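**Student:** Here is how the chains run, residue by residue.
Protein chains: 4
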Amino acid sequence: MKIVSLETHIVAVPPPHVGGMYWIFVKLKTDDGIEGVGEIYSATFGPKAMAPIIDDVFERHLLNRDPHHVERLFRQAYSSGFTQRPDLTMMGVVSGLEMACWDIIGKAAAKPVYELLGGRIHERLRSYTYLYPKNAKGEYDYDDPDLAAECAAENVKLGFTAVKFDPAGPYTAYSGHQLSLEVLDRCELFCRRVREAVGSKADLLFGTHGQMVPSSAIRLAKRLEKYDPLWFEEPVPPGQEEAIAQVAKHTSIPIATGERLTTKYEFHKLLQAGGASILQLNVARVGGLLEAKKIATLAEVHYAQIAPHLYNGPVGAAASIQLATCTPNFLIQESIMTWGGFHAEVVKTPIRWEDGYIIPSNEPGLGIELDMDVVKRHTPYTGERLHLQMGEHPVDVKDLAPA
Amino acid sequence: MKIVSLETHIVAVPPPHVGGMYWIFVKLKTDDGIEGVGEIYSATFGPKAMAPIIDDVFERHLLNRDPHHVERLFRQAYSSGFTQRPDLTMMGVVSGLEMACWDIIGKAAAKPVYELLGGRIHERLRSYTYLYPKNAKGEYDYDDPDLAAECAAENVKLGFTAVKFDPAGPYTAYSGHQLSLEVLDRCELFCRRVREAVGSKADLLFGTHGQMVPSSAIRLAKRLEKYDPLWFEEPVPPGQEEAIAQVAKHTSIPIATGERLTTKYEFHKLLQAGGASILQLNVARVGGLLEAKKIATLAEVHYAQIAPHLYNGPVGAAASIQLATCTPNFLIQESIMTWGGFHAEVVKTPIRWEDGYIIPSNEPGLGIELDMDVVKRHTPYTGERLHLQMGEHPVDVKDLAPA
Amino acid sequence: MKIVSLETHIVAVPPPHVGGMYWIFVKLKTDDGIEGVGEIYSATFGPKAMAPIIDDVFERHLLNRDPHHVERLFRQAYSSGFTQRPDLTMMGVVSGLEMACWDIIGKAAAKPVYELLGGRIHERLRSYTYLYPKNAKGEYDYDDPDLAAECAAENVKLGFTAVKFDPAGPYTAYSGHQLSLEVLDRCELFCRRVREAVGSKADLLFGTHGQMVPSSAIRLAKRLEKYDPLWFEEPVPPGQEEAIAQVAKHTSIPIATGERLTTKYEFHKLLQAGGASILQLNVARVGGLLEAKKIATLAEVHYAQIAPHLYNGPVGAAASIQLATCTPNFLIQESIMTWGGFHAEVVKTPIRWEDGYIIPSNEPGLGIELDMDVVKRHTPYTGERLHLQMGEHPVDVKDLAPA
Amino acid sequence: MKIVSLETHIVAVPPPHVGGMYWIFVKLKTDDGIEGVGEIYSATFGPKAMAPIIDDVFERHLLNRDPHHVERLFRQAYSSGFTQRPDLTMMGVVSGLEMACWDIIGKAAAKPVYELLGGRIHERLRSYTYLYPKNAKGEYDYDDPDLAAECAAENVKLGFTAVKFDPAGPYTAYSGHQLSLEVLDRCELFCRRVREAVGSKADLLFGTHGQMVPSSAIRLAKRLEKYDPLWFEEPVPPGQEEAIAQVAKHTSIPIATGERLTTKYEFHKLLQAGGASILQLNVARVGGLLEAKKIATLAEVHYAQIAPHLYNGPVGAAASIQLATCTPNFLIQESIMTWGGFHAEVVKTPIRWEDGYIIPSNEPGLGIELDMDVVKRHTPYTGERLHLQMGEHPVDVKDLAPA
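From first to last, the protein sequence lines stand for chains W, R, P and U. If you count the first sequence from 1, position 290 lands on 493 in the numbering used here, and the numbers rise without skipping. If you count the second sequence from 1, position 346 lands on 549 in the numbering used here, and the numbers rise without skipping. If you count the third sequence from 1, position 83 lands on 286 in the numbering used here, and the numbers rise without skipping. If you count the fourth sequence from 1, position 96 lands on 299 in the numbering used here, and the numbers rise without skipping.
Some clues are possibly wrong.
The list treats identical chains as interchangeable, and a pair is accepted whether it falls inside one copy or across any two copies.
[Said to hold, decoys possible] In silico EDC-like cross-links for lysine to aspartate or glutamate, where the CA-CA straight-line distance does not exceed 16 Å:
no., residue 1, residue 2
1, 404, 602
2, 601, 326
3, 310, 234
4, 551, 349
5, 205, 318
6, 404, 385
7, 429, 391
8, 496, 274
9, 314, 342
10, 429, 576
11, 497, 274
12, 404, 357
13, 429, 388
14, 404, 388
15, 551, 572
16, 310, 349
17, 404, 558
18, 205, 234
19, 551, 574
20, 310, 572
21, 425, 572
22, 601, 406
Treat the hints as calculated values from the structure; they're not laboratory data.
Starting from the given sequences, assemble the full structure and let the hints guide the process.
**Tutor:** Okay, here's the thing in structure tokens:
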């Protein structure tokens with residue numbers, strides 16, 4: 204059995220772009236006709252560059268190889284061009300290729316991938332969502348704490364047991380910075396209002412984006428402690444484990460991070476420093492499902508938990524669900540609302556969500572398949588923006604703009 | 204003043220490919236007609252992918268910006284797509300763009316870049332080269348210690364005060380590994396024969412490529428100590444600072460590393476661990492000249508030295524020379540032989556080398572300019588290989604193949 | 204191009220001596236007629252000793268040298284007389300000479316210095332001032348918390364977003380000491396009253412002067428936490444990094460320090476210890492603009508910020524502004540009120556301040572020039588005192604005198 | 204009793220300048236006619252600047268004060284101008300003033316100072332000297348190992364039990380650097396030849412001057428171990444305690460340092476790091492005799508020893524002898540040959556040296572007094588040089604010049 208072909212499909216997400224501007228899918232086919240699908244999470248470079256990058260990685264490191272050989276695939280990609288340290292875009296690309304290989308492995312075995320990576324532990328998966336409150340004009344409003352609270356209350360009625368929000372203002376190319384008193388006040392007020400709305404029915408997830416230097420993150424944490432959030436996410440920019448550990452040392456709120464980290468080597472450094480107790484790996488960035496399993500293993504020996512990140516399509520979500528289902532130290536899975544809308548439209552069988560939980564597929568492989576007619580209608584992406592972007596200018600202390 | 208255009212020129216290096224398979228050059232032009240040139244060191248992905256990557260970075264982060272704004276450029280590139288941790292390919296790309304900006308800054312000021320980044324310290328720069336011994340058929344031979352010794356002796360006659368060689372066998376996608384006794388013996392024999400040939404006239408640079416796990420590197424170091432090498436290069440794969448520090452703790456031979464690291468953040472982690480005392484940054488990978496100056500600064504406070512890496516074209520070499528000239532903790536500059544051959548042919552005014560030293564240009568900017576007629580004749584690159592590659596299969600203990 | 208002459212001008216600051224007793228300026232001229240100006244921050248010895256010191260340093264280490272060679276200048280001064288560790292007065296002197304060299308470098312290039320040291324990042328610079336409340340007799344009163352609060356409120360009306368005050372009593376030759384309960388109470392009361400007056404419109408900067416031993420600083424910090432100051436400045440005397448780090452470990456208030464430290468080597472020791480997260484370098488003490496840039500670089504890799512100190516003339520302020528403008532991890536710039544009064548009178552073009560921010564000059568060099576007619580009228584200084592002094596006697600526990 | 208007057212005498216040392224270019228003496232007189240003498244060790248600035256510096260410190264911090272109040276004197280000087288961290292020149296100045304105060308204290312009590320600072324422990328003091336070999340032209344020659352060996356043998360005949368030499372080449376403004384193989388070979392050869400000449404009758408003191416970066420110092424130490432030197436002096440430049448500790452960790456040769464450090468605070472940092480086991484304080488630099496006693500105390504609790512430095516006049520030597528005589532952890536005292544020549548001529552009663560040992564005075568105070576007729580004949584100093592200087596240019600690897 205060997206991989207003989209690749210198709211790349213970069214789908215434009217319709218406005219208002221829930222889950223980002225575009226999703227990068229890859230489809231692999233074997234010599235005996237088994238198809239696998241994967242998703243790539245990487246936006247250092249735009250989709251016009253990503254297409255030839257993916258072709259290059261595939262041709263050099265996967266074409267004509269056995270899909271079962273996922274260690275080989277990872278090592279070849281990781282080492283490409285005399286590197287053998289993490290290249291963030293390469294790791295995103297190989298994540299997509301590798302999970303598509305797992306899709307094929309599972310289909311060949313007639314088993315869900317979770318039955319091959321340790322076996323089912325969970326019958327259903329606790330989930331959370333970002334709050335998506337709308338103002339009177341129908342635009343998402345991330346500035347109004349009362350709209351956030353109302354939205355949280357509605358999510359609790361749906362069955363959610365945790366909600367996430369980021370009231371901490373813009374994250375910019377010059378972050379970390381020192382949040383103003385008005386922004387600190389707003390962060391506290393969001394927690395107060397959301398807590399009032401949900402009581403003990405839902406945890407608060409303080410979903411920051413690395414806006415802060417550690418001294419500012421610590422000031423913020425002291426204010427948030429009275430509302431007992433389940434976590435304080437990405438308190439400082441990634442890439443400096445001692446700095447994030449400094450925040451953890453100075454607050455009782457659990458630190459969660461990881462959506463911008465890749466490979467077991469980076470998570471090892473983070474855990475060695477005491478930098479976080481909740482790891483938010485994205486399976487479409489870290490190196491694929493086996494590498495994600497390895498990261499979960501590191502977490503186990505530190506008594507840390509995994510809470511996989513998701514701000515992308517349903518294929519990466521499906522892979523994330525496969526990992527979560529067989530992970531003993533699983534905390535919660537990020538969901539994009541309840542997986543309806545375009546997340547459901549772009550696949551043949553949507554991800555199942557009920558009363559706060561994701562219900563894993565029992566189908567072989569990743570339990571996901573693109574609807575190619577829908578995919579074709581939403582390609583190509585012609586937008587100017589990357590999947591996500593950081594603010595271009597430093598934050599001004601007098602500015603009250605949302606994240 | 205602003206940058207209004209970019210040209211990318213990926214030049215095929217003629218056989219036998221000294222300095223690699225291809226060199227990636229960028230040319231910037233300003234609105235008032237000043238031209239700057241730079242070089243990118245990145246081979247995670249091949250040149251077919253690199254061309255649209257470079258266009259993407261330029262369009263998003265540099266087009267219509269002031270070339271003086273190199274902090275801005277670095278921060279925008281470093282943060283691209285909500286990353287803000289090192290993306291190895293992006294850092295290579297921005298290095299080329301940034302050094303081209305410095306070329307323009309220097310031309311506008313009518314000064315060499317070294318007169319703006321701290322001022323001249325060195326009248327000339329100590330240099331070294333890899334040994335390039337040829338067998339009877341005219342092929343480079345990295346297996347014969349006596350040919351290496353003869354070559355070292357000839358380099359000493361030219362005036363070189365240091366020579367580099369790697370007798371430690373293949374570096375592969377599965378490195379680190381544990382060197383066999385026969386390979387350990389060969390490493391020792393190369394040092395013995397080269398030392399006999401050069402006496403105290405030249406330092407030995409043991410130019411390993413991360414072949415080893417730390418326990419193997421330590422076994423090797425104990426054997427090499429009797430020959431007093433100036434350094435033991437990349438004893439283990441990059442990306443794990445505690446592992447390389449373990450080697451440093453167990454040998455008196457200075458550890459040199461850095462050609463596969465990028466940004467001040469990675470070098471900080473390395474130095475904090477005690478991982479190396481000689482930093483082999485490549486100015487075309489680390490983030491550009493200002494970022495390289497920042498790395499040199501980190502080295503200063505640790506009483507470490509810089510020894511910039513060079514396995515690429517004369518534009519990156521020119522930038523490296525600019526940094527070295529104004530660096531107080533400069534040890535030595537890697538040279539590709541004496542900068543003749545294609546390194547001289549592809550530029551209007553070749554890099555000057557005399558009696559073991561590089562003589563820095565007194566011309567404004569980087570002191571380098573491509574000969575576009577030569578460039579045009581050596582584009583496009585149509586080769587199958589990346590600039591450098593790692594071995595595809597794990598080393599077999601019975602194998603005696605060269606690195 | 205070379206420096207051929209020096210003039211030293213030690214200007215007496217008129218009563219009530221805002222910014223200290225005297226400012227030490229140096230003027231350099233090149234062989235082709237370019238003039239540069241700098242300022243020296245050093246008061247170990249009085250101005251009668253400083254004049255021949257400056258002549259000595261200039262003659263030995265700068266006369267007939269190229270102003271571009273600022274690495275050379277720093278290394279020669281730093282090493283003078285077989286020292287090569289920080290000599291505090293020498294570092295102040297070389298800071299002035301070096302920034303005057305940058306003034307010349309910028310003028311020769313027709314660029315602001317910030318366009319050569321990384322390029323503009325900030326269009327304007329957040330600033331703060333000490334509170335200068337007056338009693339009914341027109342004397343500055345640092346004892347009355349209500350006068351301080353009223354003054355803070357007026358500063359907020361001007362547009363300031365931070366204010367500084369030191370209610371912690373005398374700093375003496377025998378500091379650190381243990382603050383009395385009455386002084387601790389007063390410190391808390393100042394914060395309470397000032398916070399009431401400014402609300403969330405301005406940060407509190409607790410501007411202590413190293414009065415305390417660490418155990419006392421910790422007692423004070425616990426009292427101040429409820430008012431969420433942006434920083435706790437110089438909680439203990441300089442020169443002992445473990446002691447200041449002990450304070451940082453025991454409070455959530457950011458520790459700021461550095462106005463009495465010099466060179467990257469001292470700031471490295473401070474950061475390695477975790478001693479502070481906000482660095483208050485004075486560009487006229489630390490070794491000059493390049494050395495200050497190096498210190499800012501150290502801060503970057505620790506995710507620390509810079510907040511340059513200023514208690515001196517507008518030339519040092521101009522240099523500080525040049526650094527801040529091109530610094531990505533810039534927090535805030537100390538201002539002496541709004542740069543009016545004698546700070547404006549002594550220069551041809553005053554520093555521009557609007558609505559809480561400093562607006563950097565677009566002029567070449569440091570963007571500053573002394574008005575020599577004003578300088579001549581305010582020389583010589585004939586005062587008995589040093590620029591600043593410490594109390595001669597130990598603090599008595601029953602004493603309630605102001606700092 | 205109070206100090207009412209100061210005289211400063213900066214004496215030109217006749218060629219060939221053994222003990223440096225000039226010695227800085229201070230003479231204090233009390234209101235009831237007791238005279239004290241001291242020496243200042245500081246050459247950051249030249250003697251033309253030192254004279255008004257000394258006047259300034261004296262006027263502000265000692266004039267009209269009781270000479271017994273040496274804690275007060277130190278604290279006032281240390282704190283001068285809102286500093287309260289070490290200012291190297293100020294510490295040299297106060298050292299001279301303070302030891303002159305001790306001279307007065309001892310005279311008033313009719314006791315040697317050593318009888319007041321702990322009491323006699325040693326009847327005589329083990330001493331060493333630098334080797335001062337002369338070539339055929341009568342010039343001191345520091346390049347010839349056989350001349351050094353011959354000189355060592357003659358010193359052993361005089362009774363010396365230790366000899367010092369520095370074969371490690373120039374120390375420059377850009378040190379540390381990486382010693383060449385030829386220099387490493389020469390260092391080893393000096394040790395070999397000197398050891399052959401002295402056998403076990405004298406220890407070797409490897410008297411380096413901070414030429415090296417730590418990686419180079421470690422390479423050198425491995426070569427020197429076979430000759431069992433008593434110490435490896437100043438292996439790296441001062442001011443970085445972790446770097447010097449790295450050398451200590453990697454060699455069995457004791458590390459000695461301290462002649463360029465000042466105050467108990469700096470020696471504390473050094474000892475905390477494990478940076479040295481032999482402290483070479485100079486009593487005329489560290490802050491005076493009480494501060495030196497405090498440094499010796501720090502050494503005691505670390506089981507370190509003191510070996511005071513001396514490269515200056517007989518007044519500082521006399522003070523050093525006073526400290527040594529009452530120090531339980533005393534190793535050896537640096538002597539300038541046998542204290543003859545100008546060291547004897549400039550005082551009324553020369554320092555006594557017999558069979559390898561200094562014999563402490565039994566006279567009150569420091570047991571030393573300047574011959575003012577000789578002093579007058581050798582003032583003023585009109586030389587261009589500082590007391591000691593560092594090389595202006597970086598060392599070239601091909602250069603074989605002496606230190």
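**Student:** Please go over all the hints and tell whether each is borne out by the structure.
**Tutor:** Tested hints:
no.: 1; hint: 404 / 602; verdict: between (34 Å within a copy, 12 Å between copies)
no.: 2; hint: 601 / 326; verdict: between (49 Å within a copy, 14 Å between copies)
no.: 3; hint: 310 / 234; verdict: within (14 Å within a copy, 23 Å between copies)
no.: 4; hint: 551 / 349; verdict: neither (37 Å within a copy, 54 Å between copies)
no.: 5; hint: 205 / 318; verdict: between (22 Å within a copy, 13 Å between copies)
no.: 6; hint: 404 / 385; verdict: between (29 Å within a copy, 7 Å between copies)
no.: 7; hint: 429 / 391; verdict: both (9 Å within a copy, 14 Å between copies)
no.: 8; hint: 496 / 274; verdict: both (12 Å within a copy, 12 Å between copies)
no.: 9; hint: 314 / 342; verdict: neither (43 Å within a copy, 45 Å between copies)
no.: 10; hint: 429 / 576; verdict: neither (50 Å within a copy, 60 Å between copies)
no.: 11; hint: 497 / 274; verdict: both (11 Å within a copy, 14 Å between copies)
no.: 12; hint: 404 / 357; verdict: within (12 Å within a copy, 34 Å between copies)
no.: 13; hint: 429 / 388; verdict: both (13 Å within a copy, 14 Å between copies)
no.: 14; hint: 404 / 388; verdict: between (24 Å within a copy, 11 Å between copies)
no.: 15; hint: 551 / 572; verdict: within (6 Å within a copy, 43 Å between copies)
no.: 16; hint: 310 / 349; verdict: neither (47 Å within a copy, 55 Å between copies)
no.: 17; hint: 404 / 558; verdict: within (13 Å within a copy, 44 Å between copies)
no.: 18; hint: 205 / 234; verdict: within (6 Å within a copy, 33 Å between copies)
no.: 19; hint: 551 / 574; verdict: within (5 Å within a copy, 49 Å between copies)
no.: 20; hint: 310 / 572; verdict: within (12 Å within a copy, 27 Å between copies)
no.: 21; hint: 425 / 572; verdict: neither (45 Å within a copy, 46 Å between copies)
no.: 22; hint: 601 / 406; verdict: between (31 Å within a copy, 12 Å between copies)
Violation of the numbered hints given earlier is confined to hints 4, 9, 10, 16 and 21; the remaining hints are satisfied by the structure.
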